[PDB]
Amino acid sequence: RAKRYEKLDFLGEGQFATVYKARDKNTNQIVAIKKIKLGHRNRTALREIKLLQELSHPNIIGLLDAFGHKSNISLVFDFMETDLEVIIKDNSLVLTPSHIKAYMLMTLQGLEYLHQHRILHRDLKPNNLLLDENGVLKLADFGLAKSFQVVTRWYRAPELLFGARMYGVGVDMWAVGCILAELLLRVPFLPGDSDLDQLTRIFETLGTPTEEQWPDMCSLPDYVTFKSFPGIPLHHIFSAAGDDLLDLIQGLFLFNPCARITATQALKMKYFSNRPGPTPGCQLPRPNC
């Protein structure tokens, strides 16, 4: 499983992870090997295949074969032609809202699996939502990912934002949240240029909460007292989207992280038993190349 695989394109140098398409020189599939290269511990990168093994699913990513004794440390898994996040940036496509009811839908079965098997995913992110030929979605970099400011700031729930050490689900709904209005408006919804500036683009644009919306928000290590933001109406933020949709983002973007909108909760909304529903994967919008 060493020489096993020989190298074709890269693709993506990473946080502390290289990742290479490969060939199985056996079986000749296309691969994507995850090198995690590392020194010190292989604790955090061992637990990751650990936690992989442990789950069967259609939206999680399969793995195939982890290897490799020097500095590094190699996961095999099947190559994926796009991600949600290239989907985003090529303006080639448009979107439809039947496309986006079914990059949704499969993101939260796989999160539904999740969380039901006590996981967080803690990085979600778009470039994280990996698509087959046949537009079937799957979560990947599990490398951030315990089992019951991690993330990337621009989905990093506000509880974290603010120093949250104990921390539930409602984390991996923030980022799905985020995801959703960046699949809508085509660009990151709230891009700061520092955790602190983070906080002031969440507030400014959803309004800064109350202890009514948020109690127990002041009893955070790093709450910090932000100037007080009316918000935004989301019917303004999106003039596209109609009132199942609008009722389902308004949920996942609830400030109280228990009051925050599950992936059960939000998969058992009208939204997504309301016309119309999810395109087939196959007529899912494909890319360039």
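Residue numbers count along the first chain shown, from 1. Throughout, rigid core stands for the largest set of C-alpha atoms superposing within 1.5 Å between the two forms. Compared with the form deposited in another entry:
27 is the only residue from 27, 56, 239, 228 whose Cα shifts by 2 Å or more between these two forms, the rigid core being superposed.
With the core held fixed between these two forms, residue 18 has its Cα displaced by at least 2 Å.
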Contents of the next structure:
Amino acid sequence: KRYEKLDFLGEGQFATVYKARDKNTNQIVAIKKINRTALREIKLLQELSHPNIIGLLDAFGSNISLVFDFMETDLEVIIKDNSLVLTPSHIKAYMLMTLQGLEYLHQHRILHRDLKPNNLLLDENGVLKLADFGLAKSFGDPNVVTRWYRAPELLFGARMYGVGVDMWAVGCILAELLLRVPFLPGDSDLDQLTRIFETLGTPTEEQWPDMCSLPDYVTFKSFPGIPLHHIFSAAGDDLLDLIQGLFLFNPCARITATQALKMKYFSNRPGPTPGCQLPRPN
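Next, give the form deposited in another entry, keeping in mind that what was shown is the form deposited in one PDB entry.
This part shows the chain on its own.
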């Protein structure tokens, strides 16, 4: 075979994943040995080419094997690792790679729909790539991330939706970088809306006009919500406005990947850390 099977990387409800060596270029890779979460990581990734999106390098039959770039670490590992402190500049660099990847996705009319820390992968040189495109779909296709990163429209059972689903998840990732714990850990779908509205305030028909006409909208307790300078007490105003923009309840008011990258936080000092100096676990 083409590959030298090095390590077992893990098992899910799709695939057995493996570290391996490409036996003719000596390049280290990752192989996803596995229908519809499989045929639509190929349909999308052999198409796409962006530094901050995982590359599909080869594939074959009888189980399907899918050969991506090997990444040493991921953002969940960095978050969990106590030896690493995250300076403002490391966070800006993680956010800037994550947003430049999604802005190209959203410009190619694709929703990732599964953004979590553990799908933001990180190669030895500190390039963040988005991975796990098995829940991704085109803006066009007719009709949903893990509960903690899930937008309130989806929790009120919205049937059509867009960019905002991925942008809410990015905000939850930014909060977890800054707080180093999950921002909104709901134990259920209803608890998830309880925590959202207890943290950010129970919205109105002004904050969110068609909210009362969502398929699963239900009258929640009013909560004032905590101000974002209390939760993110070390964050500057430039960063507090990025957060405020990604956590707006109205999905169309909610800031896009392009509007996020046009915010002053990304041109303000301190600019993002070089890839090669981003913190490294062992």
